[PDB]
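Please construct the entire structure, taking both the sequences and the accompanying hints into account.
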Amino acid sequence: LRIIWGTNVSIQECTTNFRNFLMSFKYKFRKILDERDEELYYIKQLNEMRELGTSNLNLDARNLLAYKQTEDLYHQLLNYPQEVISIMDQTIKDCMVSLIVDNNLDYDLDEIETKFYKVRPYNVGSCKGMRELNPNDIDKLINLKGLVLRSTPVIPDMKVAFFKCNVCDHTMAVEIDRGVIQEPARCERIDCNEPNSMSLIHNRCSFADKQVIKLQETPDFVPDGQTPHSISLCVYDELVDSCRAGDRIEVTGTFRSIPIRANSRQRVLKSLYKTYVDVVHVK
Amino acid sequence: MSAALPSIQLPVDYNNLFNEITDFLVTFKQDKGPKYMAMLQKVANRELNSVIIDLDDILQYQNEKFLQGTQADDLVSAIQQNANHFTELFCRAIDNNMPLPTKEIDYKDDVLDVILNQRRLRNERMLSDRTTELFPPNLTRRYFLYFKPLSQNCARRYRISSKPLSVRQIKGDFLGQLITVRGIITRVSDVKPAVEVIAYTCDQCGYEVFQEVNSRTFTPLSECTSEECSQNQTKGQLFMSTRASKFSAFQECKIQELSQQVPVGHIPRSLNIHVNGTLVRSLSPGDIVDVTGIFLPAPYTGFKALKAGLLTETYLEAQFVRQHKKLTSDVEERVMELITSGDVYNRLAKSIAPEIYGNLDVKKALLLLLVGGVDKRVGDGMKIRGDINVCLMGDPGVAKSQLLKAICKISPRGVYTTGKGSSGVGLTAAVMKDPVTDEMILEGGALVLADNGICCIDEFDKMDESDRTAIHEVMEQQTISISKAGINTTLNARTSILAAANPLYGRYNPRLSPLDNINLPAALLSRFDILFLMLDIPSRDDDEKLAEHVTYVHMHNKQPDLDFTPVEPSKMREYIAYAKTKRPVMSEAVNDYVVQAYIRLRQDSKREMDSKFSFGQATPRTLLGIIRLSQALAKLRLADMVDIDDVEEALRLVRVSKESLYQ
DNA sequence: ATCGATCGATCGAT
DNA sequence: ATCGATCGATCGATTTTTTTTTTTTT
Numbered sequence: 177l178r179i180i181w182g183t184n185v186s187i188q189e190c191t192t193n194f195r196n197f198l199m200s201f202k203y204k205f206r207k208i209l210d211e212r221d222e223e224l225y226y227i228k229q230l231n232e233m234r235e236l237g238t239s240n241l242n243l244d245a246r247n248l249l250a251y252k253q254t255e256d257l258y259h260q261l262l263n264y265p266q267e268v269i270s271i272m273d274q275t276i277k278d279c280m281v282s283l284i285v286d287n288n289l290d291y292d293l294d295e296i297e298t299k300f301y302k303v304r305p306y307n308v309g310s311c312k313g314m315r316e317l318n319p320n321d322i323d324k325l326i327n328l329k330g331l332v333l334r335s336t337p338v339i340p341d342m343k344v345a346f347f348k349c350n351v352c353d354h355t356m357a358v359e360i361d362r363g364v365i366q367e368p369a370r371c372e373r374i375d376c377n378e379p380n381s382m383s384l385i386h387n388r389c390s391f392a393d394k395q396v397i398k399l400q401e402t403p404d405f406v407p408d409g410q411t412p413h414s415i416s417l418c419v420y421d422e423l424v425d426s427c428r429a430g431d432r433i434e435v436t437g438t439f440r441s442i443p444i445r446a447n448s449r450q451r452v453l454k455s456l457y458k459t460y461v462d463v464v465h466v467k
Numbered sequence: 001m002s003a004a005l006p007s008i009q010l011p012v013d014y015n016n017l018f019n020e021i022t023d024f025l026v027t028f029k030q031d059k060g061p062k063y064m065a066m067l068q069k070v071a072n073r074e075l076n077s078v079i080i081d082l083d084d085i086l087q088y089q090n091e092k093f094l095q096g097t098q099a100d101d102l103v104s105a106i107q108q109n110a111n112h113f114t115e116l117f118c119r120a121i122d123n124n125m126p127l128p129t130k131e132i133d134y135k136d137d138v139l140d141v142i143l144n145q146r147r148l149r150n151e152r153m154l155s156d157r158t189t190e191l192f193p194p195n196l197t198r199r200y201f202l203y204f205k206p207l208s209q210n211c212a213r214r215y216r220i221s222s223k224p225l226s227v228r229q230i231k232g233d234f235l236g237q238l239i240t241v242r243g244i245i246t247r248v249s250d251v252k253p254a255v256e257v258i259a260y261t262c263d264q265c266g267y268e269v270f271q272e273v274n275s276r277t278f279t280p281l282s283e284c285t286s287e288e289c290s291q292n293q294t295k296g297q298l299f300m301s302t303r304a305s306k307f308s309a310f311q312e313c314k315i316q317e318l319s320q321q322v323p324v325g326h327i328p329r330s331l332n333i334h335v336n337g338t339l340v341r342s343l344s345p346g347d348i349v350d351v352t353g354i355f356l357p358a359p360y361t362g363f364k365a366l367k368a369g370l371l372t373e374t375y376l377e378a379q380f381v382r383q384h385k386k393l394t395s396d397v398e399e400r401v402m403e404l405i406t407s408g409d410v411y412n413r414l415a416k417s418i419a420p421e422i423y424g425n426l427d428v429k430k431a432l433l434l435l436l437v438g439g440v441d442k443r444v445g446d447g448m449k450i451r452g453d454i455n456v457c458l459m460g461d462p463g464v465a466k467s468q469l470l471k472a473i474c475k476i477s478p479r480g481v482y483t484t485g486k487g488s489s490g491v492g493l494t495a496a497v498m499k500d501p502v503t504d505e506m507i508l509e510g511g512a513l514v515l516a517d518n519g520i521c522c523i524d525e526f527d528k529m530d531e532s533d534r535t536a537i538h539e540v541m542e543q544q545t546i547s548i549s550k551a552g553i554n555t556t557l558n559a560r561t562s563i564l565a566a567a568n569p570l571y572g573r574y575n576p577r578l579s580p581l582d583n584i585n586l587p588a589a590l591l592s593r594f595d596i597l598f599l600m601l602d603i604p605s606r607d608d609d610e611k612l613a614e615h616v617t618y619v620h621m622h623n624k625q626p627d628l629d630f631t632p633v634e635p636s637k638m639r640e641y642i643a644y645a646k647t648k649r650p651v652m653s654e655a656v657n658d659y660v661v662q663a664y665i666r667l668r669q670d671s672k673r674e675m676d677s678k679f680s681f682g683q684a685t686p687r688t689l690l691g692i693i694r695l696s697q698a699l700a701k702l703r704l705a706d707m708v709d710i711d712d713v714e715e716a717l718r719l720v721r722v723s724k725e726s727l728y729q
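Those protein sequence lines, which keep their order, are chains 4 and 7. FYI, the numbering for the first sequence is 177 to 212, 221 to 467, going by the deposited numbering. FYI, the numbering for the second sequence is 1 to 31, 59 to 158, 189 to 216, 220 to 386, 393 to 729, going by the deposited numbering.
Note that these hints are calculated values from the structure, not bench results. Any given hint could turn out to be false.
Only pairs whose alpha carbons sit at most 30 angstroms apart, straight line, appear in this in silico DSSO-like list of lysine-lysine [said to hold, decoys possible]:
hint, chain 1, residue 1, chain 2, residue 2
1, 4, 394, 7, 499
2, 4, 302, 7, 449
3, 7, 314, 4, 312
4, 7, 135, 4, 207
5, 4, 329, 7, 449
6, 4, 454, 7, 364
7, 7, 550, 4, 467
8, 7, 364, 4, 312
9, 7, 499, 4, 329
10, 7, 295, 4, 329
11, 7, 499, 4, 312
12, 4, 394, 7, 550
13, 7, 646, 4, 467
14, 7, 550, 4, 329
15, 7, 135, 4, 202
16, 7, 314, 4, 454
17, 4, 454, 7, 69
Covered stretches of chain 7 (chain 4 as the covering partner; in silico rule of three or more C-beta atoms under 8 angstroms from a C-beta of chain 4) [stated by the list, open to error]:
hint, segment
18, 21-27
19, 132-138
20, 207-216
21, 251-259
22, 301-315
23, 617-626
Don't be surprised by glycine CBs; every beta carbon is placed ideally from N, CA and C.
What follows is the structure in structure tokens.
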């Protein structure tokens, strides 16, 4: 039944549990509200999505509770949200593609399925302010509130790095991929070799927006004497710049912390890692 | 090598003391089986992480290794000198004596411990088909260990490490030492999780990499150290795996001197300390505590050849913390001593500021703002205060500033302030560079800090314009507006407002007409519901009797008598919000009557006309408040019935706020 | 103090 | 045997930095 290594959440079949969950809900969530629209929330809204070709579905959270199945996926999503969104953004594509095959030719035609879809899940439990935050919480979805202190100018980021050699000169390049850029000493054209320095024209290589926002949350319930702590955020794409500064917001995301070079020359990193928000979803 | 870095003998040896450690570890008597057994399983039970230890019990088992032999060298005398060797080696025996299961791990529970078994699931399977590196004992811990030293009744046993000390009392020989000092907290910059060992992963060859990191920095490994990638032409790539690598929560604080410990000269000494583990979030800035911890230097980075010599500069680490000054169920009865006593509106009115003599009528109204209420919700919506703004006008000081000293102290959200004093920038969120951790984080206070609570104020005439406009808006209340910088925010200030201010120089002149004597703007006084004129004319009878009270102290510490028993704040305060839950609803009977006396007040105040005693015009805001007054007054009666005497009781305080100008 | 490039040699290829 | 590239030991360069006395404006 496979598995994911650290996630211990098996590949696929969660996509299936996701689908029959996506395929049928109605209201089992109203069972928690104790009733007092009969049709399921998604297939209507899933249809609402297909015409516009907007993608970027905002999910719900929590409809995995109280409903079955996905009760563990509700957990497994909260355990490893990053990987969960990875399958789910893709499944939505097929869940669209699976929806279109019944209506057959749709949106002229199969290319609209080629368009990427993704989940922007919100309302994960209730996170407690900021200052409460645990180390153990390293990556998990977090409900948060605060008005933006400052909005930084959009930051460009690496996707696929562009490369060349002394010969021929030739344009062969490799994606930035991981947090590292590995360029072969040689070579493309003449092949050969020869061992020329690898030319990099950065205007050719791929880019995307990551926009830093320092945010001071006002969770209230302030421990006293605790300081009005603030929050770091990076975000991505539409999440970038879509958030006005100075606005109290429900924006949610996994926790993140990453090291930085002490000298900013020497390879040495300073101990403990600095932390920022993953900005999973906005509200 | 020999010579340089010589091996040096010391009479102290833990070789059999480690055995003597496990003799003390687990097995124990004084507290079925020993406390250390099921408690160490209690950590194996995983409902606990932090491990708390004290010097108290070491002495008895050391007495147990004593009396009661066979005789053994003392651990504790080798502790305070080092004790960092005891934070590990004494603790390293815990894997030997800890129970295996000790119960079910389930799923969550938590991550980590589900992964850490997977890390050991991957670690053990490395050697499963392999037929030998293993995860170090330091690599997997999951539980913190703490020490709390003995003062104590053990020190008078007779038996030191617990003697409270100043920063000034801090010797250089105390480095490495587990020590205890009293001091005021400062800073308390935010805590963050810190990794002891990075987990790199080779991908290609895989395995796991663990590199130790100490202090502020480290030098990260690269390439692949994995032996599968060793001696093979292809070394696997690796970078840190944050899910894999272990973290530790790290807080810190500066600790100021109590100032009584200080020499008459010099300066208060701030002391850097660093909070870690379950011990984190145990403190706030400015709190007084007897701090107990080991003291170690953390050089260097650098620089380096700069320092030289080294001149350690060190720091203190926190082992343990002892803080100074740490329904409507059964506390209703604690309300009931004065409930059966009655006179809630007076005895408590007399309860106010028993330290200052007379002016109980002034104190009488003090009780109202200390309670206030209850607001309103129009549904428009526009919410109305809801809050009392009182001013006190008289000079010289009269010790008026002292009334604010008592009021804010008792009052929840009590904030004492003065003209300069806190500025309007102090009452707003103002950007400032944060020392150490960066950067330019905003820190608000005053009005923003005093919201949903009383704000006492002095030098109210010297607050100038910058403050006046803010509090001018603070009279619009429920808001603080900043259009400054990129900040457009308007934040709620629920602050209760009272400021006493001095008359025009030098003191008030009876010939001077009202509002000519006052230094405050009219629009500033109009939104005020009450002001008590503090003009003091000498009365030989009153002067003696007050002087008599001024004779009565310093004579003794206890003032009140002949006769009275002022309520203590804790039991007194509990009735406040308890009464604040009431929200009295107005009876229409008193309702229209207040309207009647209003047009009367709308008549008589206007028939005063030009200058003189004043003040007109008897605007509805005061009636809007005067109605709230009986609403605040009803709360002391609770019962939410709003009596007419309850209504008229405020109207009695209305004329009294003035008309003393004849005196 | 460590990282960085120069430069020296050596063991394989033609 | 001529030539090379390869690794290593050789060589040497880079590591902090903004607050209290002011001064033309009404």
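Each hint, compared with the structure:
no., hint, in the structure
1, 394 (chain 4) with 499 (chain 7), "25 angstroms, holds"
2, 302 (chain 4) with 449 (chain 7), "43 angstroms, violated"
3, 314 (chain 7) with 312 (chain 4), "26 angstroms, holds"
4, 135 (chain 7) with 207 (chain 4), "25 angstroms, holds"
5, 329 (chain 4) with 449 (chain 7), "24 angstroms, holds"
6, 454 (chain 4) with 364 (chain 7), "17 angstroms, holds"
7, 550 (chain 7) with 467 (chain 4), "25 angstroms, holds"
8, 364 (chain 7) with 312 (chain 4), "43 angstroms, violated"
9, 499 (chain 7) with 329 (chain 4), "23 angstroms, holds"
10, 295 (chain 7) with 329 (chain 4), "46 angstroms, violated"
11, 499 (chain 7) with 312 (chain 4), "26 angstroms, holds"
12, 394 (chain 4) with 550 (chain 7), "27 angstroms, holds"
13, 646 (chain 7) with 467 (chain 4), "35 angstroms, violated"
14, 550 (chain 7) with 329 (chain 4), "22 angstroms, holds"
15, 135 (chain 7) with 202 (chain 4), "29 angstroms, holds"
16, 314 (chain 7) with 454 (chain 4), "21 angstroms, holds"
17, 454 (chain 4) with 69 (chain 7), "35 angstroms, violated"
18, 21-27, "violated (count 0)"
19, 132-138, "holds (count 4)"
20, 207-216, "violated (count 0)"
21, 251-259, "holds (count 4)"
22, 301-315, "holds (count 7)"
23, 617-626, "violated (count 0)"
Hints 2, 8, 10, 13, 17, 18, 20, 23 from the earlier list are contradicted by this structure; the remaining hints agree with it.
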